[PDB]
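**Q** Listed below, chain by chain, are the residues.
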Amino acid sequence: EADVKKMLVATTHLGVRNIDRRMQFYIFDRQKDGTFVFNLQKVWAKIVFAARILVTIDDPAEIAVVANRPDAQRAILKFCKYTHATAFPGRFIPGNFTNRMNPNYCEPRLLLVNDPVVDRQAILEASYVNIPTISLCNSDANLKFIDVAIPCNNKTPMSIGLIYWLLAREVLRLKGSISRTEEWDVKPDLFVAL
Amino acid sequence: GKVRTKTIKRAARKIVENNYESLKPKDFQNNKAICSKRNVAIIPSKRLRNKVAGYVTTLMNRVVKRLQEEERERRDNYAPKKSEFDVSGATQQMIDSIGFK
Amino acid sequence: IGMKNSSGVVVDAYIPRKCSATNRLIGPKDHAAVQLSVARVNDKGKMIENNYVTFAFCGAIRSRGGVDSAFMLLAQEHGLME
Amino acid sequence: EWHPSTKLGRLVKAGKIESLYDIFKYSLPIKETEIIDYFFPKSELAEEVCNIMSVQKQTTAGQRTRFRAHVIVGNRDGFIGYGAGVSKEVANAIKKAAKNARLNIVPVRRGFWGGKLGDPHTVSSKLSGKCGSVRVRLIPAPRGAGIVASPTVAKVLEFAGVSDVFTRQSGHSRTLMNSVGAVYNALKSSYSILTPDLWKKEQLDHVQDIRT
Amino acid sequence: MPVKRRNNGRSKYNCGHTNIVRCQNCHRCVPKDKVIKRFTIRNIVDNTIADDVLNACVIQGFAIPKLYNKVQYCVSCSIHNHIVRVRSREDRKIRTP
RNA sequence: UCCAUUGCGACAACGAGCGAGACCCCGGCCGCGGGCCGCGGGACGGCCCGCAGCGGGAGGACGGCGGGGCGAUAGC
RNA sequence: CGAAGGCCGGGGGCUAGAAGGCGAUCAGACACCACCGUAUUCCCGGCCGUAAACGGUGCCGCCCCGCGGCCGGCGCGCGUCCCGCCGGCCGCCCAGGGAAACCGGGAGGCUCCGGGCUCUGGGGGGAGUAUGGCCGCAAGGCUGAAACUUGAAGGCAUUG
Ligand SMILES: [K+]
Ligand SMILES: [K+]
Ligand SMILES: [K+]
Ligand SMILES: [K+]
Ligand SMILES: [K+]
Ligand SMILES: [K+]
Ligand SMILES: [K+]
Ligand SMILES: [K+]
Ligand SMILES: [K+]
Ligand SMILES: [K+]
Ligand SMILES: [K+]
Ligand SMILES: [K+]
Ligand SMILES: [K+]
Ligand SMILES: [K+]
Ligand SMILES: [K+]
Ligand SMILES: [K+]
Ligand SMILES: [K+]
Ligand SMILES: [K+]
Ligand SMILES: [K+]
Ligand SMILES: [K+]
Ligand SMILES: [K+]
Ligand SMILES: [K+]
Ligand SMILES: [K+]
Ligand SMILES: [K+]
Ligand SMILES: [K+]
Ligand SMILES: [K+]
Ligand SMILES: [K+]
Ligand SMILES: [K+]
Ligand SMILES: [K+]
Ligand SMILES: [K+]
Ligand SMILES: [K+]
Ligand SMILES: [K+]
Ligand SMILES: [K+]
Ligand SMILES: [K+]
Ligand SMILES: [K+]
Ligand SMILES: [K+]
Ligand SMILES: [K+]
Ligand SMILES: [K+]
Ligand SMILES: [K+]
Ligand SMILES: [K+]
Ligand SMILES: [K+]
Ligand SMILES: [K+]
Ligand SMILES: [K+]
Ligand SMILES: [K+]
Ligand SMILES: [K+]
Ligand SMILES: [K+]
Ligand SMILES: [K+]
Ligand SMILES: [K+]
Ligand SMILES: [K+]
Ligand SMILES: [K+]
Ligand SMILES: [K+]
Ligand SMILES: [K+]
Ligand SMILES: [K+]
Ligand SMILES: [K+]
Ligand SMILES: [K+]
Ligand SMILES: [K+]
Ligand SMILES: [K+]
Ligand SMILES: [Mg+2]
Ligand SMILES: [Mg+2]
Ligand SMILES: [Mg+2]
Ligand SMILES: [Mg+2]
Ligand SMILES: [Mg+2]
Ligand SMILES: [Mg+2]
Ligand SMILES: [Mg+2]
Ligand SMILES: [Mg+2]
Ligand SMILES: [Mg+2]
Ligand SMILES: [Mg+2]
Ligand SMILES: [Mg+2]
Ligand SMILES: [Mg+2]
Ligand SMILES: [Mg+2]
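Quick mapping for you: the protein sequence lines, in order, are chains A, R, V, C and a. Using the deposited numbering, you'd call the opening residue of the first sequence number 17 and step up by one each time. Going letter by letter, the second sequence gives residues 2 to 66, 75 to 95, 101 to 115 in the deposited numbering. Using the deposited numbering, you'd call the opening residue of the third sequence number 7 and step up by one each time. Using the deposited numbering, you'd call the opening residue of the fourth sequence number 26 and step up by one each time. Using the deposited numbering, you'd call the opening residue of the fifth sequence number 1 and step up by one each time.
Some hints here could point you the wrong way.
Partial pick of chain A residues on the chain V-facing surface, computed with a CB cut under 7 Å [to be verified]: (1) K97; (2) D163; (3) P173.
Using 25 Å as the maximum straight-line C-alpha spacing, the simulated SDA-like pairs for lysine to any residue come out as follows [what the hints assert, rightly or not]: (4) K52/V with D230/C; (5) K225/C with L31/V; (6) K226/C with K52/V.
According to the in silico footprint, chain V covers these stretches of chain A (three or more CB under 8 Å from chain V) [as the list claims (entries may be wrong)]: (7) 50-56; (8) 64-76.
Hints listed in this document are in silico derivations from the structure and should not be mistaken for laboratory results. Ideal Cβ placement from N, Cα and C applies to all residues, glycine included.
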């Protein structure tokens, strides 16, 4: 309920006036001016499911976190800071999963992107070397080569920061690192871009 | 009509990054600074050295307008004393259709 | 099982994986295929080590984006979601 | 000796992987040719040069010439591969073609025409392949029939371990690279066809997965 | 000679025949949906004297009248006088003005 | 943008090399040494204004140093 | 039934304008450019039956990832909008197809080949010619060979 209040302050529940057929299951109503609204319960269930997918991997440094959007850059360096995932902040360089001579080349087991139209090169390249992917998806998202969507508002900084903060909290809960049923010492403000 | 080749520039950047403390933005001191072999720099000619120092002096008076990486890190970790989250027609219909409200 | 000899012995070199969604065989050099696994908590909100569920998806189901709903439906059948 | 540049090649160097069929079962790419050469030590593979072609680029001063080489490899017992290479000198073109041929190894499924007595001796069932304008049909055949194909196709069928086969070819098969490409594609689809022998459902156990 | 454009070089949708216009430069006959069309609004006096007419006018509150002309040219005259350009294969798909 | 595939910056490409430049010879101004020749200093788009670099001033022997040598891949 | 040109018999006659005439240009210009101008262009009653008559794509029927625009009819919703349904005209496009360009409302569901019906083609020339027949006032149209000759013609795409 407290996290619901936080989701309401960040407005993580508002879409972008267009709807795809595969996101139709996550919609609840439509605002008059055309904006769509997500069912927040479904959003939380996708967050929990993604957390339960992340913890199967023994070493977290082989999870890739890719986010080209400036408004998310800060938020992705903190998700790693408490989970020990591997961040690819800026322009994704072609070849990073397919070309072994590259200096930042790697062979991860999960790709976690922020947006499916930004960061398209990572999503397309991961389909050549057997990586599944999880994406933060808005109402107009195209789910090609994506296995788990997360319905959410992926433009405003508060939304993005709170989303990565929730994900990292539930992962640290599931692994046993931080205690269950108790507010994390980390304020979500550390994830939002100033 | 005097464009510096990549060879001048690539050496000038490592010189400015390694020896930030030594280089004032005035040229004679940097001319000496592109001479020492303790700040190790093997410049095989004096015209070449002068061109590199001419670009180094210019790199110096552009960073004024490492000391800018200690503070950038030391400002990415500050949590204020607030929390930054302390009207609806269709979401109300969604909180009624979920929980207490 | 696979193809049998006339006496009852499998004369097959290997058995390809099947899709959890569309039952199609994966096949070698289908580099868009992915196998992935889910935690299956079962214990007061905390996972149990080395006790997972694991599905597989061929490249045909991914190339159109059908996996986000089919994986969810598969999960709702195994008591991992609702 | 060689030092792996990939995690799979690092895993093969130790005793982690027992055969090629585990790498095919979880279908991963192979990026080093000594991964292949570790499983087939010293000449269980046959290597034959199908074709050398001279290609010309027109240029302000005159024609530039290079060579394109087509190479096939196999072990006569269920593996085939096909690569190509382009270079200024013929030797380097052939070298590139042989490397590409080793990185393209695929398994081939065999079966029985009619009686199921001994080892599988023909294609598992009808196979079809396309490359360019060329199309090919591989039809299962009884014992003693042999390899009834053109001399280009008969070598690929010989390296693959297929004793008895019927063949039909349509399109401009004088184009040798598309002929071999079509036959290769037809052999590569053999492990992706559902037959009633494979209908039975199975559990996936993550403990065996080589973890990509 | 393969096909160069999806519209075949004109804008003809669900009809058999359309009207004829005369090119304003060379006077050839062009179908109406193919001719290059531009609309122009300009002042009758050039802007370089637009304030000397105004200051030498007796009528209080006068406003300089305008001219409204629709120019229509054929393909050849449009290319020759640079109303349209020959474009790259990728650029040909762009409809932006 | 530059004399220049000279560079900034962007990019299914990432990273190197050759040609360019750097280099060699000559000549202008100043020092230590010898008895003019032979060893070094000197100039760098360095200073100041106006908008990777285009302009305008200044000092200085010389202002963007000047005249030559060398000279890519492919060819007739 | 059938664009335009064309033909027969009446009418009309502004414009433009095959033919013809004339001024330039040019080595020449019987052409392009300038000027004058007959048939024609328009109406009535007939004839002729052809065009890159084009989407170079026959007709009927089924299935088919999606995102948009416009046109006609209807229905639900709030307070003009908004979401649908049917029918039409368009753009983009995953898969699939293809020699490719490209198609994708098919040019998909096809060497893993079979829903129904009609028409047409079988290397390049000779030749749509000769001959015979039918139609037409004529100009034509429709139907349409053989001897002989030849090693290529042609499609889409790459570098210069
Ligand atoms: K792919
Ligand atoms: K053509
Ligand atoms: K054509
Ligand atoms: K046209
Ligand atoms: K129309
Ligand atoms: K019309
Ligand atoms: K126009
Ligand atoms: K024209
Ligand atoms: K580029
Ligand atoms: K001396
Ligand atoms: K001397
Ligand atoms: K200097
Ligand atoms: K008619
Ligand atoms: K007519
Ligand atoms: K007439
Ligand atoms: K008249
Ligand atoms: K008249
Ligand atoms: K006429
Ligand atoms: K005339
Ligand atoms: K003439
Ligand atoms: K002429
Ligand atoms: K006249
Ligand atoms: K006439
Ligand atoms: K008349
Ligand atoms: K007319
Ligand atoms: K008339
Ligand atoms: K007629
Ligand atoms: K025709
Ligand atoms: K047409
Ligand atoms: K028909
Ligand atoms: K309408
Ligand atoms: K309408
Ligand atoms: K209508
Ligand atoms: K309407
Ligand atoms: K309507
Ligand atoms: K409508
Ligand atoms: K409809
Ligand atoms: K319709
Ligand atoms: K419709
Ligand atoms: K239509
Ligand atoms: K017909
Ligand atoms: K026909
Ligand atoms: K026909
Ligand atoms: K015909
Ligand atoms: K005759
Ligand atoms: K007659
Ligand atoms: K007559
Ligand atoms: K007549
Ligand atoms: K006659
Ligand atoms: K006649
Ligand atoms: K006749
Ligand atoms: K041709
Ligand atoms: K042709
Ligand atoms: K032709
Ligand atoms: K043609
Ligand atoms: K092509
Ligand atoms: K061609
Ligand atoms: Mg008639
Ligand atoms: Mg007249
Ligand atoms: Mg007249
Ligand atoms: Mg005709
Ligand atoms: Mg026609
Ligand atoms: Mg036709
Ligand atoms: Mg319309
Ligand atoms: Mg239309
Ligand atoms: Mg359309
Ligand atoms: Mg026929
Ligand atoms: Mg006759
Ligand atoms: Mg006759
Ligand atoms: Mg071609």
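**Q** Any of the earlier hints contradicted here, and which numbers?
**A** 1, 3, 6 and 7
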